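Consider the single chain below, provided in structure tokens and representing the form deposited in one PDB entry.
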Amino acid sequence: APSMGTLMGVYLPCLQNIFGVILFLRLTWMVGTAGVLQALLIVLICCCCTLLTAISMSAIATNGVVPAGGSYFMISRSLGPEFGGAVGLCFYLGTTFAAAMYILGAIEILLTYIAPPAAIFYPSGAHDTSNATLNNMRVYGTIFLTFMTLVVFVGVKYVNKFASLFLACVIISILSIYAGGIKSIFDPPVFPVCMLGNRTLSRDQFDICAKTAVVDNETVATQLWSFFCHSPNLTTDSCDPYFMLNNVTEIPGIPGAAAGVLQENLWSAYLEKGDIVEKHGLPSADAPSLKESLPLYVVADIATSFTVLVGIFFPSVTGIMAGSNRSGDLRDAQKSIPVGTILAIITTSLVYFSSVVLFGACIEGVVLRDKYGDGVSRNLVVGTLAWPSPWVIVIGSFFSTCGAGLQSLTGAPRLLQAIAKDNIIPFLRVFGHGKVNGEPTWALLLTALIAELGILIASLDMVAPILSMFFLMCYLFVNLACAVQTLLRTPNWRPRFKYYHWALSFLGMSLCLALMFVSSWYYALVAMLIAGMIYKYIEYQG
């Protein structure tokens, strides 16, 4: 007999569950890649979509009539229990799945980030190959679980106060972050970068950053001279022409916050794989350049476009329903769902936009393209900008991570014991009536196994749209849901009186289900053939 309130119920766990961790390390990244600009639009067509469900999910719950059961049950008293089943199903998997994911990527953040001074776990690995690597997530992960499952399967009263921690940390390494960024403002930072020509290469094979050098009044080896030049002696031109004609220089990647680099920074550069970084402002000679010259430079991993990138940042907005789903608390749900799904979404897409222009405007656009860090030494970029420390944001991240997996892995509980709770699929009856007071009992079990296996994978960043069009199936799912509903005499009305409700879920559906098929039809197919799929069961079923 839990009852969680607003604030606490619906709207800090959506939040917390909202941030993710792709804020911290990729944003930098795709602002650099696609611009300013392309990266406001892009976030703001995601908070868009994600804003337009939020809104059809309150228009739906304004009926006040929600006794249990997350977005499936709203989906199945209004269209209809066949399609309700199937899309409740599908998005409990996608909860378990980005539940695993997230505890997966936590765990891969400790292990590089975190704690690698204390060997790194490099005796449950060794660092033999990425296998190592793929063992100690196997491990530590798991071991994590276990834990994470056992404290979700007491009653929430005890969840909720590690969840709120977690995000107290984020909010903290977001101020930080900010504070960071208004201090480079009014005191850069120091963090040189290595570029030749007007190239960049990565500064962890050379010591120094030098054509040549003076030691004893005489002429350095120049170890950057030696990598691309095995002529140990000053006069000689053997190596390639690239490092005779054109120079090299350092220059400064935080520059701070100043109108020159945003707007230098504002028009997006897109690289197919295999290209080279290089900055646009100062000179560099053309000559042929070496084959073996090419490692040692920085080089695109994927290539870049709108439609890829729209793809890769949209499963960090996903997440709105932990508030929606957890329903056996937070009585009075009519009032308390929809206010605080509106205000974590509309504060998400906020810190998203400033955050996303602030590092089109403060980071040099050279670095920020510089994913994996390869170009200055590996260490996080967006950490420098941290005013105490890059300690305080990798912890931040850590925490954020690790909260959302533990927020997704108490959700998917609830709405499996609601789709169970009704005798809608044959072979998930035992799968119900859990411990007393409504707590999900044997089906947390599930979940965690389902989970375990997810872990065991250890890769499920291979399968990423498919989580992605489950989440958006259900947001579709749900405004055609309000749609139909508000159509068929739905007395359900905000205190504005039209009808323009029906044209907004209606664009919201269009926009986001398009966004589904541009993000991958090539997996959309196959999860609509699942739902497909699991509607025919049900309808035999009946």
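Positions refer to the first chain, counted from 1. C-alpha atoms forming the largest set that superposes within 1.5 Å between two forms make up the rigid core. First, how it differs from the form deposited in another entry.
- Superposing the rigid core between these two forms leaves a single residue from 40, 507, 48, 484 with a C-alpha shift of at least 2 Å: 484.
- Once you line up the core between these two forms, the Cα of residue 360 stays within less than 2 Å of where it was.
- Once the rigid core is overlaid between these two forms, residue 407 counts among the residues whose Cα shifts by 2 Å or more.
- Taking 2 Å as the criterion, residue 326 counts as shifted between these two forms: its C-alpha moves by at least this amount when the rigid core is aligned.
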Contents of the next structure:
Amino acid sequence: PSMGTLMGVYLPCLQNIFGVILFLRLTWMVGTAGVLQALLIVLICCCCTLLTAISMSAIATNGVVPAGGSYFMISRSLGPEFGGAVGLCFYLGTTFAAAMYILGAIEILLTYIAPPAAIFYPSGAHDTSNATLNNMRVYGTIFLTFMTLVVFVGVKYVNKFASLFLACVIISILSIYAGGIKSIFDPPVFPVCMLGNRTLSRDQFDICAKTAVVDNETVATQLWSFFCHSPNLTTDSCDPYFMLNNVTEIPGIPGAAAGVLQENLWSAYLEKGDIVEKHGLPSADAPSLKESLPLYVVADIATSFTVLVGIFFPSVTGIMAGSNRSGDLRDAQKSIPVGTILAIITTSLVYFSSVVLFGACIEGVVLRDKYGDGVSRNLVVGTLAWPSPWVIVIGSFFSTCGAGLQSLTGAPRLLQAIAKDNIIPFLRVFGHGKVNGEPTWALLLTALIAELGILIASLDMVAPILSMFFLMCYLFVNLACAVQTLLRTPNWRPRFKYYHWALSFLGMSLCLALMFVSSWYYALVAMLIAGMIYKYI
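Here we have the form deposited in one PDB entry; I need the corresponding form deposited in another entry.
The next block holds one chain only.
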């Protein structure tokens, strides 16, 4: 074994922690929650994982660190019963993370790369969502079957391109920060068209004006005809909000300044159907027609604190991938606790600094446009990039497609190990393999379980389920590190300096409170199942 801390522990953690939510949902989270509550979300979600890494360090500093995987360390150092629970929750988390990574790639493809590559179209006036869901499901079943065939044939090729997907993430992050520094002295041009407080969808009309001049004549624009249903300048069919108010352009990226950061500082939660609005604009109050409602940027889902925590939390998962090469290391009891804790610290500093950067550079109206309707269907992250917005689009697409392949390779190997371990006999039949040792019936079960996550067809609906499984895995790791100290069981002497049982107890309680914060109902279901297995024993 010859593999150091950097390329053995640190870089796989840093590759498995960054992902889809930094490029699709972080600006939305900043603009919805405010800078202060977004920093609070990042702080709370990075203390479950830091305390869980302190417990995993106490795992790795005990004994020999047996070769192969993070399942075998836990199972040989904690007894089989905690090992089975940690392994099964981590397996279900990895299989739904594959589905979330596929849904992210299809959102990027259908909204930014090729919008004409769309099968189902929003017929009628309203319900653009059912066309969107049925459009996500078809491409989800296509990409999932293609990638399971790739994993069924070409594992050697998936292991080959693993550095390129990390290079794409790092180049696309450095482009964000390079453009954010340039926005201090030279911000880019993305004008946002508004009407009173209300922001509107710029993709539908031509010019952001109420009237124009053609051939020495004042003629109503296309924007007049959507609100007034007549090309005449003196009709009374207009809605009274359009008549009393005026149409105004603003800079979408006003540049890095303290005045922009002061406006983005507090929460602006909306319900489903509300309109994204500024705060410092004059707006005469008036009723508005129901028919002019598609001419605005509308909140897609109802938001709160507990909604945003469950969507953010799978950004911080990825600790457990620092022990998959635990046999290949030179000093596994030293390279694991340093590598995972430094990876959590660096990725958490990237999230804090990016929350402050997006809160200081981008205006909160553009931030709250999930899918970027206020600026001509562009990434809100991509408009801040330095060379072009296409670098972030292409790089985030290839990185999410790589992160899906890595989950579809990592989860059947894990189910293979629990099957051959024979703690649960009900999972006996998934120990079959080929002559290479590659799993067959486990790959089918991961493809069918990740299919049930793809048929939910939303990035915002699958991510609380991921939070729910990774929080159970991290809860049982902290239970099994606190109980073995309080019971004084033999062969449990962790040689880690910064370990204490109260830290693992605090980590257990925090990763249990986040389980209720993310979704209280399914946490209350899992509490019943856990309280029933305890009565079984």
